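Q: Let the hints inform the model, and build the full structure from the sequences given.
Protein chains: 2
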Amino acid sequence: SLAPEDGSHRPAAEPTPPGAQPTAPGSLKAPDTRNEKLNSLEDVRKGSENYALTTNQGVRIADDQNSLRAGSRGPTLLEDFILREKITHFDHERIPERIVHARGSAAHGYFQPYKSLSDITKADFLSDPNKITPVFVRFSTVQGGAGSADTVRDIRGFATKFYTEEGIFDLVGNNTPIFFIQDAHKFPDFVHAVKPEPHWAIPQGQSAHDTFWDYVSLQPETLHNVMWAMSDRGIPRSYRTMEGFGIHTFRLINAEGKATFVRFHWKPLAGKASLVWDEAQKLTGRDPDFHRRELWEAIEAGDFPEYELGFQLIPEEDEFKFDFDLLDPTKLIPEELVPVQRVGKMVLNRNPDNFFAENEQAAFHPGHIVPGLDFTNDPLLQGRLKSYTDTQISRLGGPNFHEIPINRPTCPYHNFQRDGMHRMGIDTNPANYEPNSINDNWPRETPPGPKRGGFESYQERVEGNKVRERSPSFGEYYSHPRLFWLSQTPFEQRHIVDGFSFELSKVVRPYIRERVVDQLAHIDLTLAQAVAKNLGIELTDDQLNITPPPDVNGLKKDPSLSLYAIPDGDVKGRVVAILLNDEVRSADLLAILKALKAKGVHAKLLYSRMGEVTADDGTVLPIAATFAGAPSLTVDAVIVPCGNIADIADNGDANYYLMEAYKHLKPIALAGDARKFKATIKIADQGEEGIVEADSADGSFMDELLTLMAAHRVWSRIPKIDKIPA
Amino acid sequence: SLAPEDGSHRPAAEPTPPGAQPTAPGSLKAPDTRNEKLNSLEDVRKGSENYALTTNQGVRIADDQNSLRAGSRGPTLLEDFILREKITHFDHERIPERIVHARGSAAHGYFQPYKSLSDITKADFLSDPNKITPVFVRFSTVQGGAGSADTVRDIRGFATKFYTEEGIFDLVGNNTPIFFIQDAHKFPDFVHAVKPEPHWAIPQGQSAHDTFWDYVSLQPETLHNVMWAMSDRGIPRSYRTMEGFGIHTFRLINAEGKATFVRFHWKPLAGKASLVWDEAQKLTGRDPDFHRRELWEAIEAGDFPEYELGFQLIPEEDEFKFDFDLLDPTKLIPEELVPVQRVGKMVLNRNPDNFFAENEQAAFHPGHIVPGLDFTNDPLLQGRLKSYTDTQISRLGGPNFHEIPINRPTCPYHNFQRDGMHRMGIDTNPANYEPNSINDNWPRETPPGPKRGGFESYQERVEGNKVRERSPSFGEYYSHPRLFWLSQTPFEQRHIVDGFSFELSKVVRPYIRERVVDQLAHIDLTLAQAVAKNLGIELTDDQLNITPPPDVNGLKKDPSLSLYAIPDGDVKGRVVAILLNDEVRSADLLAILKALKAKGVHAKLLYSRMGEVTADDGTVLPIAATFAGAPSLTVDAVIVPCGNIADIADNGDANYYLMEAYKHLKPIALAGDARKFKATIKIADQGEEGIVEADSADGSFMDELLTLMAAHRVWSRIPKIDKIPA
Ligand code: HEM
Ligand code: HEM
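Chains D and A are the protein sequences, given in the same order.
Residue numbers for the first sequence follow the deposited numbering, so the first one is 28 and each next one is one higher.
Residue numbers for the second sequence follow the deposited numbering, so the first one is 28 and each next one is one higher.
No false leads were slipped in.
A few chain D residues that don't get close to chain A, going by computed Cβ distances all over 12 angstroms:
no., residue
1, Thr60
2, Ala79
3, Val370
4, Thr567
5, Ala622
6, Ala737
DSS-like cross-link-like pairs, simulated, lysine-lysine; straight-line CA separation at most 27 angstroms:
no., chain 1, residue 1, chain 2, residue 2
7, D, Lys285, D, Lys158
8, D, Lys478, D, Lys142
9, A, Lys750, D, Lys703
10, D, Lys294, D, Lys626
11, A, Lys705, D, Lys709
12, D, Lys624, A, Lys533
13, A, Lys709, D, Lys703
14, D, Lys560, D, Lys583
15, D, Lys747, D, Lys703
16, A, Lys158, A, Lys285
17, D, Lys621, A, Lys533
18, A, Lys533, D, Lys599
19, D, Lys631, A, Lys750
20, A, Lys750, D, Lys747
21, D, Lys750, A, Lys705
22, D, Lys560, A, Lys631
23, D, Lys750, A, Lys631
24, D, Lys750, A, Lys703
25, D, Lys294, D, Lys583
26, A, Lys599, A, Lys624
27, A, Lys709, D, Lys747
28, A, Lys750, D, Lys705
29, A, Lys560, D, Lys631
30, A, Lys750, D, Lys709
No lab work stands behind these hints: they were computed from the structure.
Ideal Cβ placement from N, Cα and C applies to all residues, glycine included.
A: Structure (structure tokens):
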């Protein structure tokens, strides 16, 4: 009996805010959240309570504290089969991590379409608004190992496994709408160049090193996605607050055989929000698991990540109607030209039970499509199709990875394939080949048709010679970078320039910095000059005269490319630090906490030590964390209630908490004598936008603070922060 | 797409200070550094200049930019074997990382003993002061993945492979002289408890979470190594500035058959030095590759890591003469009772060529001993013997891991083993068994003897029943934690208190924190009370009256357990930040650099942008990094020369640089008008010990600064930093 008598070891099986209860396996935290896939996993879920400890062969163990020896101080004996199994299993726990996207965090949920899309695709999962499709989604970074940090600057993966009634469909996308390269043949080159350098295996989780920017300087096709990575897109606040894209043009095929080109989007219903560079870098130190934690705790709290699936649709006859090639993955399709049509909603509503079994072993592959969908000749997509099955042979130990529970279809699967390492299914069919007579040819092929039919490829015409040649239509590199740049707000553009400037400052060979600056001058002179100035590089007269690339089909900006130009703020699921003192004004805290609760914003009560403090009226306040323990990096805003401020006014940690939150543009609210902290952050007597202050936390104080939180950060504060030593 | 004309792409193949050139593979950086192992790897080294690009089958490639497709916008063809091989190799790059110590950094070097040890051991590598043994050393953390951060709080591994003439000897040790647990059977329990928790796989590289403190609270045998982890031993400044220990008692066996008990030690000749927590944690975010980089750059600079091997030797007849069991690896042997005898010197003087091939694939195993060494019944060492060979079967793909180039013996090896995956050696022996007549029984067994003999185990007497039982002599858990505690300076004790407080504050279940504090009260009441206070816990009357454990064989302290109590500072290889302005006083810079050069201390020139600044005398100064890009975390002290101070006096990053270096107890030196920065760190016209100040930077100024650097940190400043907001 080692559990505490009071049952406080065990979290409540009900939704609870972040930090209120220990986190737990999803089926223990939320046993009543079900879907067809989660229910199909019941055959392999293993409990523990009230069971005897055994070997893997079912033999009960008596003494799991000692090896068998000759004498209690003697040598360990070879006959200890219980020690031997236990250490053998530990010795072989690890499997290779994914070659890319090794760092990732996943959850179960479900998808439903808003209406039947039968007129444009015969895909069964999109045929009926009442048809629910279980999903498993993994979000990831790209470069770093499985043990690397979350809030790096990097592209993010967004992969969705739809368990449909007509087969698994995997939509394996990223959080930007283009990729760095055009042809899959260059993927090992590009990835080698971004990953840690081969002599010393540095740096982890960073593109800020010579080989990455050497490759970018020599391959201008990369510049478009490099622009996105250098923007705040590269440092999202949360996987719930980034967009997702399939990048490639695919096809939808309807029952009549008509093909429509499609690009896939996910829209975050929580809005778009990103960190700022200093905060994201520092957060990789103070909490390298910040995104993983945030996702798990949002789900435990009921702040389920929701995303709307959208399609950009282009008729077959419009293939050649744009200035860029629809099959070129380094080009986006601006939403001003081709709007996203809303298709359905995905809700992620339960964590896994065991991260290794369900997350680490999940296998997604963009070749897993279903009837109603098809490929195009995008030469990056075409090469992906060879990679994702092949890599799973070593990563997951063989060709039966579809029998690992998380990967299993929920629909029927039967065929003549046999054997392979780790074969779970025991086939009874007398035949392992077709055509066969001895089993009357079962299982049988099925013709294509409007529903439940066999897969047939769209009969696209192919005409040309066998060539290793890039299409001339792909050889334009700067217009899309320039469209992206022009679409950003002035503060977004500053952050882009600072991203390039910081990264190129870590490039040891200066000629590479210069070469990158030369590429930037082909995109936009203002951007190039501002990066050059930060690097102590002077543009030449030739660089100053490079003519700007043309507009994209007449567009000189598209606001859907900005994170912030069109407000889409959502405060639910955000968190506020509350800096306590040893005699808090209980009326402020009542007003603060209830206003946050009403909008679904969480709070963390911080102090200079753990335990409790007692408010003015005797209310006992439990402390979640110390000021150092849960730094301002981990919250969206900071509130300091009135009370005995002299308690914390000389606490360097308390003062620094505010200076850090101030530098990183977060809303700050100060009630009563808490306004004494104004001098720490140098606020004028008459106040400033982005600082909420009043005699008490009552009246409009919390509404004003929540309004700032809806706008995410206080961009107008940017000029004032340069000066502050934080 | 080529090299710059000036040859600046290529590092000079001569020793250069950190930052002066791009880093490079060891064989290209230091081609004339050789040893028998480095030379033997020449059969597998592969160059690249002047060679054509080929498939792995030797076919020259003409276009490595494009897949083969039917027309330039058409589908990729299955017959593209060049794309297929390239992507296949990429798809299978990763192998499983090590179950523990997955994060690690390695280098080549050599060892030699100071005198023959033939009177106490017949081991050949210790027989002759002029017989040199090549080594390969990997230093590591424990918990985190291969892509986790370096400067976490954790134990460090320190593994040395000695390529001796009589076989490979691996000394697989850590940087503390004990382990957390007593019997190998519990290793998977302990490791599972410290590793990321299994539902959500959080936290990476941190013991600061519920499961680890749960296990500790329930297994008081862990407390000793936990004290070490929570002290600043847990956060070394560099792998060059920590101790190593084999932990277990082993035996030395001499030619006469006499057994002597031995514990192994490495003394770092650069002295003992650690970070402070706030700095270590922030550095995991600003540079998660800090120790990897620092090791590599020290070797490129000629600051080769050097270590003295040392033995604690205990005669066989003294086995039971201490108040702890020699075979208990949770107990250390105090150097006040048994002195460390110096044995020889190890010098690491070349980096590898390829991290994956040589570091990632290196396999170390403490069972790899040679004649003249032997085991004991330590029940932790005994079970380690089963683990290290077994794990290498899945990690390195099979039983031929000794044929991987880095693992190969440089002495002869021949036996009757055959086949296995990836078999390199082609055996010509007509026999694959013995005894055989058909090959006249070769290769033959060799009797044991004084030199070049076969291995025979020391004929230890074994008397006992077959039992799973812990020796009663092991059941004492508090006296070594207390001896360690009492042996630390007051500031080291404070840091211990702070480490426990920080960690337990991140344990969500409060009763776990309470149970840990109850364990601390069995060690030392001042320690327990100081942690309790930080946790808002009050000790009970019973807790206040727990009797302290007994002294260890009469010792009340042993200063060799402290990092800092006995000065052992060595500044060579340390680094100073020099904060530049746009008109540097060249006279200051000349004085600074000349003094640094005389003590082998490196400098990094920092500014508010990259490129160059020109000093008052026209000297062009290239800038290594910006104030934000190479924070004070990465240096040992900071110097601010005079010049146009107005240029940087209001720069927030420059001021914050000093506030962070101040908080972290680093020496700061300010010349001339740079003394105006004293205001930012709030400090006294008369000055303060630890801030060097003068009208100009001269010989006196620099001597003072270097004296401070020899003492590593300014511990007298600790009382002044709680108030600094940084
Ligand atoms: C549009 C461009 C691409 C996108 C959006 C993309 C997206 C992704 C994502 C999100 C993952 C992680 C899936 C997971 O969570 O397990 C991943 C894995 C992977 N990708 Fe891609 N990828 C792209 C291009 C490529 C290319 C060109 C190749 C090689 C030809 C490639 C090969 C791989 C491989 C080897 C994995 C590991 C897959 C596994 O172990 O299961 N990807 N990719
Ligand atoms: C005195 C206590 C121990 C010390 C000093 C120690 C030290 C180390 C070191 C330094 C490494 C990394 C070697 C390298 O750099 O590749 C390592 C790896 C490892 N150790 Fe230990 N260890 C201890 C206890 C244990 C125990 C009790 C076990 C299991 C019974 C164990 C199993 C392993 C395994 C599985 C590896 C991965 C080895 C490999 O993949 O090549 N260790 N150990």
